[PDB]
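Please find one structure pasted underneath; my questions will follow.
Omission of a single protein chain aside, the complex is shown with its protein chains in their original locations.
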Amino acid sequence: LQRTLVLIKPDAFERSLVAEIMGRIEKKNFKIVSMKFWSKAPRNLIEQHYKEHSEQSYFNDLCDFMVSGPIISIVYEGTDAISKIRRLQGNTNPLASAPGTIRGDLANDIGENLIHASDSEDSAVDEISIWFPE
Amino acid sequence: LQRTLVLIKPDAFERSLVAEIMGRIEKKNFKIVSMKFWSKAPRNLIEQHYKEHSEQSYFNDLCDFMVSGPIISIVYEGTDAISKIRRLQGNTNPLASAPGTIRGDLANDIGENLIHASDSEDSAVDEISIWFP
Amino acid sequence: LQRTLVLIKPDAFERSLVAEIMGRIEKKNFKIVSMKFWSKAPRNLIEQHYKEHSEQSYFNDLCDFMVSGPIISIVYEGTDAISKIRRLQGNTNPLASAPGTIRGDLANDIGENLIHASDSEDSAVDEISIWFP
Amino acid sequence: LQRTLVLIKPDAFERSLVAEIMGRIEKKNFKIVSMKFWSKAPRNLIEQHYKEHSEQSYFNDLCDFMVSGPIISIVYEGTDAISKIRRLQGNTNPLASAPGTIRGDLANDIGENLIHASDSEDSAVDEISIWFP
Amino acid sequence: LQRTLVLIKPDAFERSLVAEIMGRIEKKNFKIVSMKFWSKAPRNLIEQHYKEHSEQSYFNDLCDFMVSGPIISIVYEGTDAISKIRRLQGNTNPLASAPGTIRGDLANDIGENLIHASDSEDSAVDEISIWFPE
Partner (left out) sequence: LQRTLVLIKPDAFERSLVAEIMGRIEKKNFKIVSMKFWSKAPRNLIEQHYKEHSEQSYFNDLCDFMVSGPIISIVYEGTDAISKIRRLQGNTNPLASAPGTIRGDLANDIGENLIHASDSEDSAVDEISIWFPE
């Protein structure tokens, strides 16, 4: 039993795909443990969430995009939730993400890619603490 | 432009219909402006939410049901959001709710009925202050 | 709590709408308690099922249609199942069936209308004994 | 058997609901007999299409909206296609359109309302000749 | 043209996924040849169906689960139906079943995995005879 951190990104709201994405995880039988709606996340939270990317050329565009509309942060719980939700998410790159995955069916850009999911136990703990410090 | 308060009820979690219900409202172009997940809503909030029914025969069972699993409280915004979302919701009574409505398609019980929606401007304002004080 | 008899008609097989129709009833939380697949229903069962219409102008065409492909006969159980599933079904006449109903959304003919549902307690009991003797 | 003229409006493209809308009509078993994609419809065609509304207060905004993005014009064929597709469409006014209808489920504005459908035999014939001369 | 045996398992009924699963096979254009609804299958039928697993540690839990609610048995017919329905089904293991498959989208446990499908011509013949001995 693991918990992972998922963000629904501002592009899902712009495109009205919030329920679609959440529904895919719900149908796979993962349970919401906590959830927060952000009309706009503070840039500092975003910078912390993506701290590993601070030296990448896309860092600033990525932070601007993540504060460009609402976000929902969600903690999901389930056996092997971290790896499983990552497989449902699909690859970052639109040339690679597989039909059947969230990104494979729905996303067409490497940046506006609808959804974040923690990639490991270490990072899940970290990201959960950022979005749900309580 | 109006704001209305929606609760996703514990039966929606139990039957995995949370996204289905939220999706119907999202597809109608209504925007979330607040949302809170409650693993278990406090009895007192529930009793205040339904204070109008406090002397009704079904009150205790209603309150018991409403604390029997998680709920999501959401404020939705849109032109005439209150009446329009009430229309989406459908009649409380499963003998009357129309196919095409949330309850008409999905609910089979007058009590386990998936969703709450504010029924007027004044009750919307009240319910919003209960869930998002 | 009631039991009702539903037939999935041959047009549903032809148009691949079997799961779509059964899904609408399943999503309304009704439970299957019996079900039989008929690659081709016997003429006599069909004629007994529709015995009330035996002198109607459409009887032979109705019976011919009903043996023109497979059918599934299902008994569904739930509180007020009879009237509620009738409500899901929609009006026989495609000029009257409401969007949101099975027929309102999917059927375009008064005859090729996808689904049978028992119309009362007494007819439910009768139809159930025909298909599941 | 009848032919009716449907326009998929620019809001459907903007909100990615083109297939959703066409799908509802396809599932009702209506057949496309003509279809044209317009990256931008000519003002004059739009003004002729809505010539009945030319003196209405909303005319210019309506025409402006209708040239604000792509449209698809489609001729659909089926028994009683005109009235049946009008029934699928739903009321212009989002306070009145029924859940289960295209507008009842998807539209939130009296103007940005996703779809046009001919309202009678005579207007169908007229509209068809405008879009498919 | 082949026939394969499919079981809709008790978890599909518990979770109201019966139509969802049948719909996926129906949309792929496979035809129902026979179908039986079981309010509860007799344990002996289950033990016969899973006879190859009789010495596995999960055998008894598997039999208990399969008699824990209803089952629908179905014979589907179509060109290469056996291998094709297996690919739609998805892998047994939730760490492996691919998004887009029935198990990949819907199942989250190696045991409660919604659906059985015959894995070969030899086993299809066998399983069809168990569920439809006529």
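Labels A, B, C, D and E are assigned to the chains in the order they are written; within every chain, residues are numbered from 1.
Going forward, contacts are C-beta pairs under 8 Å (C-beta built on N, C-alpha and C of every residue); 3 or more make two chains touch, one makes a residue touch a chain.
When the omitted chain is restored, the residue from D:26, D:64 or D:121 that touches it is D:26.
In the complete complex, the residue from A:106, A:115 or A:128 that touches the missing chain is A:106. Touch with the chain omitted from the figure is made, among D:35, D:62 or D:130, by D:35.
Residue positions on chain D in contact with the hidden chain: 13, 16, 18-20, 22-23, 26-27, 29, 31-37, 39, 70, 72, in rising order. Considering the complete assembly, chain E touches the hidden chain via residues 24, 27-30, 78-80, 83-84, 87-88, 90, 98-101, 104.
Interface residues of chain A with the unshown chain, by the touch rule above, are 15, 94-95, 98-101, 104-109.
In the analysis below, only the chains that are shown with their structure count from here on.
Think of chain B turning onto chain C: fitted on CA atoms, that turn is 120 degrees, to the nearest 5. Centroids of chain C and chain D (each the mean of its C-alpha atoms) stand 33 Å apart. Taking each chain's centre as the average of its CA atoms, chain A and chain D sit 38 Å apart. Residues of chain C in contact with two or more other chains: 27, 29, 98-101, 104.
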